[PDB]
Amino acid sequence: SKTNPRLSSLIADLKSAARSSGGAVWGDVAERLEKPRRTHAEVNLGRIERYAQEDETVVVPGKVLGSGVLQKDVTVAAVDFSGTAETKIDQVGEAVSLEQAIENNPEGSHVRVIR
Amino acid sequence: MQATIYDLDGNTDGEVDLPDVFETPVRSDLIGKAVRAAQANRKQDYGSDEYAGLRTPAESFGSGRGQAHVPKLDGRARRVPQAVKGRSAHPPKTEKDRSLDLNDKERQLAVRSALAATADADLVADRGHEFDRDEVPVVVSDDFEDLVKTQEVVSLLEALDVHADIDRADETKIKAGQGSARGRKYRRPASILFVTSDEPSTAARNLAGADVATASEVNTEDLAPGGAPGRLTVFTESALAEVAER
Amino acid sequence: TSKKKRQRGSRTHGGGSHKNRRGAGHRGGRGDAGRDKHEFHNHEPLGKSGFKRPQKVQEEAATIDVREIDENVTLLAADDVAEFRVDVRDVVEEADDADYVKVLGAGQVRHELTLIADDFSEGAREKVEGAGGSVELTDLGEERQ
Amino acid sequence: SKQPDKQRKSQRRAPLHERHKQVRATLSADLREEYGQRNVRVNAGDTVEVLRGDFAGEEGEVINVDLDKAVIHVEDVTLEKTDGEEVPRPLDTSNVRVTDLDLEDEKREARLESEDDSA
RNA sequence: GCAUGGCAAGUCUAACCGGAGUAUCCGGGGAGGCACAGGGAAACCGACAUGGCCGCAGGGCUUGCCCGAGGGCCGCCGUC
RNA sequence: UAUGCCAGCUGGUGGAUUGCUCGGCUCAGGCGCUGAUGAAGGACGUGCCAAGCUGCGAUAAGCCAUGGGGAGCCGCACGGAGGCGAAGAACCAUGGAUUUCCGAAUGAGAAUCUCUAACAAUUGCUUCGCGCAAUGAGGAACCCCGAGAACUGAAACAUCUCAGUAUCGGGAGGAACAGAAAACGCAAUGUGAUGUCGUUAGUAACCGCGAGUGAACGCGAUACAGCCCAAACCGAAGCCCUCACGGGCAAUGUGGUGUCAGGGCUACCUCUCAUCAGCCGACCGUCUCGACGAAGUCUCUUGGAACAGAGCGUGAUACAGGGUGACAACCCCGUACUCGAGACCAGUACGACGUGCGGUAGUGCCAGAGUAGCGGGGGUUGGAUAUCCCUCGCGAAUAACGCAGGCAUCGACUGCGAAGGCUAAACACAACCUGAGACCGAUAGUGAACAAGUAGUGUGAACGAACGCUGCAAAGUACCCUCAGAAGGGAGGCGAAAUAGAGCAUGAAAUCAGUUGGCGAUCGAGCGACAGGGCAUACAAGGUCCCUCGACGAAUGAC
Ligand SMILES: [Cl-]
Ligand SMILES: [Cl-]
Ligand SMILES: [Cl-]
Ligand SMILES: [Mg+2]
Ligand SMILES: [Mg+2]
Ligand SMILES: [Mg+2]
Ligand SMILES: [Mg+2]
Ligand SMILES: [Mg+2]
Ligand SMILES: [Mg+2]
Ligand SMILES: [Mg+2]
Ligand SMILES: [Mg+2]
Ligand SMILES: [Mg+2]
Ligand SMILES: [Mg+2]
Ligand SMILES: [Mg+2]
Ligand SMILES: [Mg+2]
Ligand SMILES: [Mg+2]
Ligand SMILES: [Mg+2]
Ligand SMILES: [Mg+2]
Ligand code: NA
Ligand code: NA
Ligand code: NA
Ligand code: NA
Ligand code: NA
Ligand code: NA
Ligand code: NA
Ligand code: NA
Ligand code: NA
Ligand code: NA
Ligand code: NA
Ligand code: NA
Ligand code: NA
Ligand code: NA
Ligand code: NA
Ligand code: NA
Ligand code: NA
Ligand code: NA
Ligand code: NA
Ligand code: NA
Ligand code: NA
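Chains as they are written, first to last, in the deposited numbering: chain O, 1 to 115; chain C, 1 to 246; chain L, 1 to 83, 89 to 150; chain T, 1 to 119.
Honestly, the hints are just simulated from the structure, not real lab data.
We put the beta carbon where it would ideally sit given N, CA and C, even for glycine.
A couple of the hints might just be wrong.
[Said to hold, decoys possible] Residues of chain T clear of chain C, computed beta-carbon distances all greater than 10 Å:
| no. | residue |
| --- | --- |
| 1 | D5 |
| 2 | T26 |
| 3 | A29 |
| 4 | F55 |
| 5 | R111 |
| 6 | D116 |
[As the list claims (entries may be wrong)] Computed cross-link-like contacts, DSBU-like style, restricted to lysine-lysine with a CA-CA straight-line distance of at most 30 Å:
| no. | chain 1 | residue 1 | chain 2 | residue 2 |
| --- | --- | --- | --- | --- |
| 7 | T | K81 | T | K107 |
| 8 | C | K105 | C | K33 |
| 9 | O | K2 | L | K5 |
| 10 | L | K5 | C | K93 |
| 11 | L | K5 | C | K33 |
| 12 | T | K6 | C | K96 |
| 13 | O | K63 | O | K35 |
| 14 | T | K6 | C | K175 |
| 15 | C | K175 | C | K43 |
| 16 | C | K185 | T | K69 |
| 17 | C | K185 | C | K96 |
| 18 | C | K185 | C | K173 |
| 19 | C | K93 | C | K175 |
| 20 | C | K93 | T | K6 |
| 21 | O | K35 | L | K3 |
| 22 | L | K4 | C | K96 |
| 23 | C | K85 | T | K9 |
| 24 | T | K6 | T | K21 |
| 25 | C | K33 | C | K173 |
| 26 | O | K35 | C | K33 |
| 27 | C | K105 | O | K2 |
| 28 | L | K5 | C | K85 |
| 29 | T | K2 | T | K69 |
Generate coordinates for the entire structure from the input sequences, incorporating the hints supplied.
What follows is the structure in structure tokens.
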């Protein structure tokens, strides 16, 4: 039982997209968000840099933290970003909320899941 | 966004930018947690006498007389929990920590969130408040702080179509239960919160169910009584501005 | 509903036989009793090991990896820019109450760095020089001999 | 003291002089106008009208004032005992209104008139 | 340990101070704690921001083929 | 159909339940000593009638003064008789009078009485006389100095642990104690009296190296405050009693100087704003108490009673809480606002008086002994070689010296002067006042809401209960009848209600009387569950049910 109304709503949106549109990553991310918070992702920039690529949205089924350097001009989609992470990302690319990525890409295409 | 300032007659008088905080996502769960903490932290430590029931040399006769091994004195059972006049087994204790902690960041976020819930006419009506207005919170000029007679503040509220909320709170409830015997006989609905900047409205305070606070220290409770978001509030031109950096 | 809340009516509250939850015998003794007898298992073996040096003769080093320095060079605008030059002492937190500041060689160095510190590891030197950098030893650092 | 037990206690245990305040009744409009007071300590000379009991409506002269019990006897406000003897039916000053004052006391009238003090 | 929640390479204040609507509450307070490197009795020394291979989910493509976080198997590095 | 079974109805018994709270429990703020000028505590007295409680003390529920208060009053305690108060009583505050006997108990003796002037006893001063003084005892705990267990833990047990706990002896105050470095030892070019709070840390240290035990320096805060002798050099320049007179003390040193920013002495410079002694003497705040203090007691309906419903209206710097015949801001006390007094802060802070701070050079003049220290034996501590202490023995120096910096000796370095003394504030407790509460609500909560440490038990130390609720108002039942009758009963009266009628609100169960339904004197025992019948049943809150026939028709399935 999640307690955050925003997380609950987000999870429901993710589902709605996964079902309606042909997206399968949203329903996948939704299943991780339903799982215990401790299992959620906590990824620092150093990893997003090592495995991401341009024109491929990096999807973090958790939260992004500001440790390390990010140079690639990538679009990062997460549940939340540490104030530093968001700052460091918008410097070389773009940080986006999962709620936006669901609207901009309900088909969940050209996306890389990172944790 | 934009907030419409009102003069002491109930007529518009320009407008200012509704500060960003009122755009904070309403997070009732966090607001509820802050109110719970606030209410628990003012609760007083209590507990029965450490020695209640133990002031006796009572002893058990043991086997031999067809009686249960219960300590007795003058043929009267004592001390043990199952005995009348005996000690309370696991009673309330003074040593118990009845307080609750809350991270400053978490608490501040709830203040901002409750503050934001103020600018939502739908939430406000849902919370139970009675008014015939459309825009909210009700922004008023700094000259409100100069009012003296409560009756004056009434006419202003009647002008602002917000006085109905006070008719709502003008009904005390005589509670069910023994709280009555401890001075908690009555209870009443929460009405309008009046936030000013220099000092709390001495004029509005006595209004049925009203609360008066100051922008620098207004909290989660007055903003959301009982952890319920969306209280029909009225800010002061300066209060609004000051409340922004909270 | 919690576990405690469902106990009324269970009689034994999960202890099994009502003959179970009595005194210290049910625990095999009070506290750590029998740590090398009946309850030896998962206890570290008995005995003394080593010695300690007096607290006031011990030196506590303030350490930092190059990776940290290197990763924040741009962000460290409040520090000197050159042909970047940084006095580690002003970087590492807890540096006041420490006996000295040592730099360690973990990670990479993607910048021409000029570092000033009381101590450096062989790996810290190599890595910094391998990136066209210099290692400046403090006057305190002149203890190397 | 906001606690009910302490409130009721201080009333029942208040010393004699502090009990004068327990035998105060509301003054008529003419009297309120004339003395700048809303109520007054009912005296054995005053005349009063019953506003609340079974005797509400009736009027009469205050025959007695008991400070211990904080109650007054008003003329004709009686109860007929079994033997047929009419006896006084005690009244609380709160259910009563003063419509005439016995001003034979110099001191009473003095305080009754001075704006700085009450009676 | 676990579930929820805040913040995140950080996080939290303690006594205490000021304010106040005066035990709540608003603002100060990072002393200090834990985390940020380990190994060694000690002296003392001091590490992978990824080199290879499998491959789940997911994605891609001209529909078996690529990319494949996490995970698994190695390499390699600090120290005794 | 006896004796009788199950359930119900009427009445009872009982006192649960619900509602109520004059008592508790706990937290918080304030405040804090009393006593030979005989306390605290106890005994016995004291009232018109007086048994308990409270008060008081032969002047006995009280006497006097001042202030407040006010037309009433004569405690709890509501009777009867009587009395007091406008000559201002009651009641409240302050101050004073009185204040029996025992009691530290003090002339002597003694189970609260007695015998023939009394600080008994021990002390200091001393006119050497009890002439002037001191001590004694109490107090809720807190505080300081001594004595000091065991159950227990270690799954036995001895060191260890419980624990320097329980208990015991002695004693102070409103707070104690501590305290201006022979310190610390983040070793420093550093800190700078002492408590206490937070942390340092379950760290260092201890320990059948088992179980367990367990600091400090520092840091952040609170509050801040720093001084006086002994001696050197002076040498009676001095102090106490007494109005004075006069007496006493004091060369075995009173008094001056001086106290590590070492001092004295000698010669100089300069100067005082230190320090010490004495005078004056608060603000603010806080705690408590007090004054003043807004607005409906309007209509209708219900009711025994509006504080209810509906309608009309008002105050609010006051919508905290309580009272009042039912739910009250506006009926009464209060509550906001304003104002006043007392106490604490505090004889403190500020102020002023007096004094005189400091510096140079010279000077081996002075600077606390069974001490520092060593050894034997013990206790104690985390203190380990390196805690603190006791005991026996031994035992130094003299600043050109001495002690410390966690083993000893020597050297260096750094800190610092023991063996004399005083010291505000910040901290503990809760007797006392006041406030508060997601505490209990009469088998609870104190043992104690009640005669409560009461009744009562024990030779004694000691032990120790139970008992709350008529009603709006006593209107607490006149009169008549009956009766041995102030009993009880009948009739009757009051009230909304007596099934509110006195241990009287409500009034459960166990259970008792009478009574209704079912069963019943030829028949068998976990008392029932599920089926199906008899008999019984006011309404209400459930409304279904029966038979012919017909439609549908799983598995099964014939004559
Ligand atoms: Cl990461
Ligand atoms: Cl070590
Ligand atoms: Cl230091
Ligand atoms: Mg009890
Ligand atoms: Mg109830
Ligand atoms: Mg620090
Ligand atoms: Mg007047
Ligand atoms: Mg005698
Ligand atoms: Mg044992
Ligand atoms: Mg053992
Ligand atoms: Mg110990
Ligand atoms: Mg130390
Ligand atoms: Mg002197
Ligand atoms: Mg010991
Ligand atoms: Mg009891
Ligand atoms: Mg005996
Ligand atoms: Mg009854
Ligand atoms: Mg038969
Ligand atoms: Na007892
Ligand atoms: Na029995
Ligand atoms: Na507590
Ligand atoms: Na179990
Ligand atoms: Na059991
Ligand atoms: Na054990
Ligand atoms: Na810190
Ligand atoms: Na006191
Ligand atoms: Na008596
Ligand atoms: Na007396
Ligand atoms: Na004496
Ligand atoms: Na004498
Ligand atoms: Na054992
Ligand atoms: Na044994
Ligand atoms: Na041991
Ligand atoms: Na330090
Ligand atoms: Na009334
Ligand atoms: Na010795
Ligand atoms: Na030292
Ligand atoms: Na009782
Ligand atoms: Na039947």
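For each hint, the structure was consulted:
Against chain C, the non-interface label of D5(T) is violated: not every CB pair exceeds 10 Å, the least being about 8 Å. At roughly 24 Å, the least C-beta separation between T26(T) and chain C is larger than 10 Å, which holds for a residue marked as non-interface. The Cβ of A29(T) sits about 23 Å from the closest Cβ of chain C, beyond the 10 Å cut-off, so the non-interface label holds. Interface exclusion of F55(T) from chain C stands, the closest Cβ pair being 29 Å apart, more than 10 Å.
Taking the minimum C-beta to C-beta distance to chain C, about 31 Å, the non-interface status of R111(T) holds against the 10 Å cut. Under the 10 Å C-beta cut-off, the non-interface status given to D116(T) relative to chain C holds; the minimum distance is some 25 Å. Between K81(T) and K107(T) the CA atoms are separated by roughly 39 Å; this puts the pair beyond 30 Å, and the hint is violated. For the suggested pair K105(C) and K33(C), the alpha carbons sit about 13 Å apart, so the restraint of at most 30 Å is met.
Taking the CA atoms of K2(O) and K5(L), the gap is about 22 Å. The hint holds against a cut of 30 Å. Taken as a hint, the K5(L) and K93(C) pair is honoured in the structure, with Cα atoms around 20 Å apart against an allowance of 30 Å. Among the hinted pairs, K5(L) with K33(C) is consistent with the structure: their alpha-carbon atoms are about 23 Å apart, no more than 30 Å. A C-alpha spacing of about 28 Å is found between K6(T) and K96(C), which places the hinted pair at or below 30 Å, so the restraint holds.
For the hint linking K63(O) to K35(O), the alpha-carbon distance of about 14 Å falls within 30 Å, and the restraint holds. With a C-alpha separation of about 20 Å, the suggested pair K6(T) and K175(C) falls inside the 30 Å cut-off, and the hint holds. Proximity of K175(C) to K43(C) is assessed by CA-CA distance (about 20 Å); at most 30 Å being required, the pair is judged to hold. As the CA atoms of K185(C) and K69(T) are separated by approximately 26 Å, the hinted pair is consistent with the 30 Å bound.
The suggested pairing of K185(C) with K96(C) holds, with an alpha-carbon distance near 27 Å, which does not exceed 30 Å. With a C-alpha separation of about 8 Å, the suggested pair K185(C) and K173(C) falls inside the 30 Å cut-off, and the hint holds. The hinted pair formed by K93(C) and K175(C) meets the criterion: a straight-line CA distance of about 27 Å does not exceed 30 Å. Taking the CA atoms of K93(C) and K6(T), the gap is near 26 Å; set against the 30 Å cutoff, the hint holds.
With a C-alpha separation of about 22 Å, the suggested pairing of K35(O) with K3(L) holds against the 30 Å cut-off. For a cut-off of 30 Å, the pair hint linking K4(L) to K96(C) stands: about 19 Å separates their Cα positions. Of the pairs offered as hints, the one joining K85(C) and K9(T) holds, with about 29 Å between alpha carbons and a cut-off of 30 Å not exceeded. Restraint check for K6(T) and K21(T): the C-alpha separation of about 18 Å stays at or below 30 Å, so the hint holds.
For the hint linking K33(C) to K173(C), the alpha-carbon distance of about 26 Å falls within 30 Å, and the restraint holds. Between the alpha carbons of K35(O) and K33(C) the distance comes to roughly 23 Å, so the proposed pair stays at or under 30 Å and holds. Using a Cα cut-off of 30 Å, the hinted pair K105(C) and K2(O) holds, with the two alpha carbons roughly 20 Å apart. For the hint linking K5(L) to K85(C), the alpha-carbon distance of about 28 Å falls within 30 Å, and the restraint holds.
Restraint check for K2(T) and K69(T): the C-alpha separation of about 24 Å stays at or below 30 Å, so the hint holds.
Violated hints, in rising order: 1 and 7; the structure is consistent with all others.
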